[PDB]
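*Asks:* Each chain, letter by letter, is given below.
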Amino acid sequence: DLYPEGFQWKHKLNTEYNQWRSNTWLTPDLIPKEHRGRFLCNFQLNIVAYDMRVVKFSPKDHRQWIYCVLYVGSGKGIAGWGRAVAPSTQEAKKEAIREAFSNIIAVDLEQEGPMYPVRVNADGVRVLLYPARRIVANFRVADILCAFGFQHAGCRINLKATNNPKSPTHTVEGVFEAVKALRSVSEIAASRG
Amino acid sequence: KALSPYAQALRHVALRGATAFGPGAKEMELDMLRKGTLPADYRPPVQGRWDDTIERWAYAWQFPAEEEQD
Amino acid sequence: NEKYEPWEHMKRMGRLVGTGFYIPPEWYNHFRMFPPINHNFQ
Amino acid sequence: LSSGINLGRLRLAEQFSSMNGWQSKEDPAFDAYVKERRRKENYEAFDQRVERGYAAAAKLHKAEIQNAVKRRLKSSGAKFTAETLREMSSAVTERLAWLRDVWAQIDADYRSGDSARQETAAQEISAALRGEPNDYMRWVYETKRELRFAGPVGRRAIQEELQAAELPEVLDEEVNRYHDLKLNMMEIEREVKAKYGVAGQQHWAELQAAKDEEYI
Amino acid sequence: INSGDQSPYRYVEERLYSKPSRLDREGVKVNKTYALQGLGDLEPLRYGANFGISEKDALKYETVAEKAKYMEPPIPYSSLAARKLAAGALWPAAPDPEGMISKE
Amino acid sequence: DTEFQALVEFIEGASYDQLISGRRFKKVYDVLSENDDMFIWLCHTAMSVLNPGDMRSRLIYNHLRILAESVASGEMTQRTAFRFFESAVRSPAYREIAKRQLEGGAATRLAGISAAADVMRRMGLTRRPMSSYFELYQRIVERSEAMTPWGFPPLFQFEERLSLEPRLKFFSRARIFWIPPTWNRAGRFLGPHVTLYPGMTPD
Amino acid sequence: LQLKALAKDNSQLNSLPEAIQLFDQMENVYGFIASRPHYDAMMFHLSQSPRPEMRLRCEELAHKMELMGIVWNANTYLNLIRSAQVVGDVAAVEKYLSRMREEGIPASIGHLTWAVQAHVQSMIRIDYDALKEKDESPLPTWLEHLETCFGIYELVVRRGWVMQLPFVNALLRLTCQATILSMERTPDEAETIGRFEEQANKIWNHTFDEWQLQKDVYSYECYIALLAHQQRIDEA
Amino acid sequence: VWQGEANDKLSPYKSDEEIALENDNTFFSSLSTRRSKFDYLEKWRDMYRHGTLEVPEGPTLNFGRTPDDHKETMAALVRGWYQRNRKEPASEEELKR
Amino acid sequence: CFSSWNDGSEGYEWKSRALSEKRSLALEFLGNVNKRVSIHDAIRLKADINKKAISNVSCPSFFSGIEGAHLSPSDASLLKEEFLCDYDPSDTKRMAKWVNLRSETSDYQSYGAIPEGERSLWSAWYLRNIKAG
Amino acid sequence: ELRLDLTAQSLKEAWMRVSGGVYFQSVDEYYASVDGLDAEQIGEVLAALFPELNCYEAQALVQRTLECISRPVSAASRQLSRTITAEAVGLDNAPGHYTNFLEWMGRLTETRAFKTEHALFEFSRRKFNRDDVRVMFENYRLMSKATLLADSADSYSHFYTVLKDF
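Residue numbers (the numbering used here), protein chains in the order written: chain A, 1 to 193; chain B, 1 to 70; chain C, 1 to 42; chain D, 1 to 216; chain E, 1 to 104; chain F, 1 to 203; chain G, 1 to 236; chain H, 1 to 97; chain I, 1 to 133; chain J, 1 to 166.
The shape of chain A in the complex, shown without the other chains:
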């Protein structure tokens, strides 16, 4: 929503005639206060994983909540990823979406990708992001590279040094940590002079 503040007419509503109709779950408080009325681009949701987690409140009471990892992203260069746990599915999706909007980042799409190899690693997961003229990744990584708008890019993830290599948050966390550590050409040229 691009209009959080403005003239509030009494004879007229706050809604417009040609407005995109919302979803069953989409509420206007998902985007936080510092990002409200700032994004000029529409976002698309992609779910990384749903999972079932037993949550302990008391020694006498254990609930079974749902834990969801996702990432939101637009093809114009802005994307973020999040994860949250909640008693239901749509509540986990809402809280993970507001977590993904809380941790949003961006890149420079002048070259539609990197211009130098970025080899980074978190604890165990080692991800390389190298330049190319095509997109060289598996589908779970190619979807994230399309979420950032990186069409001329290549990404390779090694998960063998992790404790749980089959965890679904490791690949998206590694791609976001490698893209976050990538410097643009204008930033390097300004740093050098």
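Hint data in this document are derived by calculation from the structure and do not stem from the laboratory.
Some clues are possibly wrong.
Calculated cross-link-like contacts (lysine-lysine; reagent style DSS-like; alpha-carbon spacing at most 25 Å) [what the hints assert, rightly or not]:
# : chain 1 : residue 1 : chain 2 : residue 2
1 : G       : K215      : D       : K40
2 : D       : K62       : G       : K202
3 : C       : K11       : A       : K180
4 : D       : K79       : A       : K33
5 : I       : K93       : D       : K182
6 : I       : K93       : I       : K80
7 : D       : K40       : H       : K43
8 : C       : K3        : E       : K67
Take the given structure of chain A and dock chains B, C, D, E, F, G, H, I and J to it, following the hints.
*Replies:* Frame of chain A, contents of chains B, C, D, E, F, G, H, I and J only:
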């Protein structure tokens, strides 16, 4: 706007009328404080020396230094 | 932790605004003219 | 480097260090600076409630101009460059200058001394503090849309009538934002039940009957 | 405070400092009202609204190392922290010194 | 007038129930304490101890003024603003300026906080137009950031680590702090998920 | 001195990012606080590029200058007029000329020279394709831009000012650019091209020796550009 | 005058002395050298209190408040504009042509 | 009468006629398909006949039109304006604000006035200018 | 205290009899805090009219005459000197700026807004019983909606009517 300060002064008195040449806003506040008819949301000009010190601090944060070289 | 830093937050806001599809708040341009005070190089 | 600028900065720093060296009738240059600043402040200040109403109206106008630039860039699909930021800041500053020139009249009427002028100025201040928008802005948006959609005789008539009336520079996106808003149903119901009586209630009952027939 | 077949000290301790109490403060829909509702400056600073620790953000981490890794640093100062600073309640008062008297 | 609405609904609810409940008082304690005047008073108390003639103090003053206006506008959240404030406070230049103001003797921090209250009145940084002077009185007559010798609240998060080390006795010498899980009996409800803090007990 | 040398350096392409990085290295790493000569040497270099980010940098630098207790002078308004003229913004130049006389700072001849150059660059950046869609000739806009600057030339001889070489060079640039734009946009209107060429020859042939001025590299540059646009290769 | 400076297209290039010579050329704009808006306001303040300057009570330039504001500012300037256009032929007919 | 002109359910026999006229005009402007016909010679002549039939109708004037054959400043202003100004172009435009020329037809005669979202029969777009005062 | 306030009030209206009507204070003479009578002029009066008057009582009298001409005399800086000492704020060698602040804060305390903000503060600190809430219910029910809108035009009049007893 590209108005001359002569035309800016003429437009100023055209916008404010005859009260532009009368008392200031804080003189009206001083009269309302002395007569006793001052509302609660108004800040009362109760002490002149300390308000002078306050405004001298707030204008000293923008006061230019002397860069002239003899 | 150094991943939450005013220079890192300013760089994140700068590369967020540099897409052209994010609108900068007033504190971004007001911190470009008045940068945060660094402890280094002293 | 013991230069002129560095020694000037050093004596400025030691002058304002304590409380003593910068008070009244102590340094003549700072006294002349504060005299010129208070001289300008004696002319360009308002009443405090006038300043609060101007702050609320300026916040609303700044938000509306930023929403206009958002609507233009959302419809055109272009990027937010530094040139659009320069244009938006220039439009915001000229609208704030126009709002200062408007609220100078409300400050003059609030400090005039007449009963009707002070009551109308208090009405304007209370309307600005509650967040209620101006009817002048509604008339300005409507006459800008009618200037847009009229032919050349009507366009020349509106442009010749309003050339001397100091109107704000309103973008097309503000008029489109005002026009594309849906109207409130309950306010129309209250107006049709206050202006007309039981005939208005029967008209609203047959309107709700037509609504429930279209629901079928 | 109504005891309910318990000692009142341990009952107020369970209603203040237990895990379902602080999770009810964050908002979980626990069984029936494990935390105290109306407290002013007597509320502990761990469970303030403007504090930087939220257990709803911490329920998605399965390990203390993940909580030390991924969580944000806590908010240092708040209004309740200002009231406890004005009251001097940031550190408890020193009791009578038991180091050299006796063990009676 | 949301605080007056909370006050009158508290009054009507407590007169309807014929008791002073916890839900109604928690609601009005949350409505009366949602204001961001605390962080604005932090920034302005840090700005008060500066020097109006020094250029470095002018840089720090404009930085903290922009920070307070950014919090008051709602465009910057609280935690990143606290990061900016603790980075501006921990600098050696700001501590040097505070030490010079302490060693002066006729310090200008009182006129600083008075002009800060006037600025918060004029710029609309408060909830009510005359609340800043009562908050100034509260900062002066009570233990707060206004009576600290350096101009920030005295917590260890606003002090340097090199000064934090030789004074305090923490876990091990020579971020978020946790109890390691080898302590299976620390307290009644104490465990590894309970954080600890260096210079305060928030419990 | 390094920023003053980088402000006129044409040896390499990277003079402006080198100046930006040098200013950042002076402020952040060296710990020096920028004075009026640093701000003037930086804003004079930032006023040469018509990129909007560099103009925004110049405006934020002028705002930080006026916020840090360094008041604006004739050089600061001259740098602002230089930054506003390279994009062809006459409205910002007129607002700066009104703000300069608001504060009592007198406008010298260089401010009116760069105001004439602002009129030149505003004649350059007319959207001629939009006027071709609306079937509007840009001839009255060219006549307004000519008569405004000739009114300025009648103003500078009425105040008794000593006539400077860049002012007459700006008038010659204005007339030669009007002739070039008339040949480019309205090629069939030969009488307007003849009038603009006659005014350009009047400025080139009589106005320089009227004020006893000697022609320089820029004066020959504008006339060589005019003769090169007319495909008169031997005279050029 | 502010409507004449907006359409002059030479008023930003003119000094204060040239516009003050062009508009009235009298003692009323004479300052006796720094020229600004507040100097004219300070001079006209003591010209009002003496009482050599007469200023009508209330804002004669009205806009922004009511949707019909150009009508009320036209009704506040009919006397001044009519006297401005009719007093110099009164001086032309009083010199006994 | 005069008391039937104010608000508050007074003058029901003519207020319900005006509210039914604007709705029935809105229903035939949108939901009547048979009115979207190009005009022919039967429409072109008979509308000109109906143009002249309304122009032949003269309004019945009242008895006001019948006539036969140190002053105050307010009384002398009325006599001087009647003799020196026989035609006033400024006052005849003040009549247009009171009469509000083409009140019920300019709602549909304007260009782009009615939006597409309010083009249904249940929609209340003819009630936007109703102000109780 | 009653001797010095009645002596200062006696000199104020005796000055108003001889002055002859109006007395307007502008901005600049407010900033210098000079009233119609100087401390030399008032101290000359107290030495001439009152023979038996010692040194420290006479300068105490000229202090109260200067503040009674400007505003009504408020005894609040004497209480603020006890709860706020000089070295706590940082003004040890500036007694003039210390006393200028104490009457600036003291006259800021006596306002309706300061008593309102203190009442809203103590309401948040939970210092009321059921007896205070019930009388606040009677103070709110006596205000009508027309009376509430006249009080809500000011920022503190609708709060103070409920919290007057508190």
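*Asks:* Confirm or reject each hint.
*Replies:* Cross-check of the supplied hints:
1. Restraint check: the Cα-Cα separation between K215/G and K40/D comes to about 47 Å, which exceeds 25 Å; the hinted pair is violated.
2. The suggested pairing of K62/D with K202/G is violated, with an alpha-carbon distance near 50 Å, which exceeds 25 Å.
3. At roughly 11 Å between alpha-carbon atoms, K11/C and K180/A fall within 25 Å of each other, so this suggested pair holds.
4. For the given pair, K79/D sits about 22 Å from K33/A by alpha-carbon distance, which is consistent with the 25 Å threshold.
5. A threshold of 25 Å between alpha carbons decides the hint, and for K93/I with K182/D the separation of about 33 Å lies outside it, so the pair is violated.
6. Taken as a hint, the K93/I and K80/I pair is honoured in the structure, with Cα atoms around 21 Å apart against an allowance of 25 Å.
7. Restraint check for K40/D and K43/H: satisfied, since their Cα atoms lie roughly 14 Å apart, inside the 25 Å limit.
8. Between the alpha carbons of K3/C and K67/E the distance comes to roughly 16 Å, so the proposed pair stays at or under 25 Å and holds.
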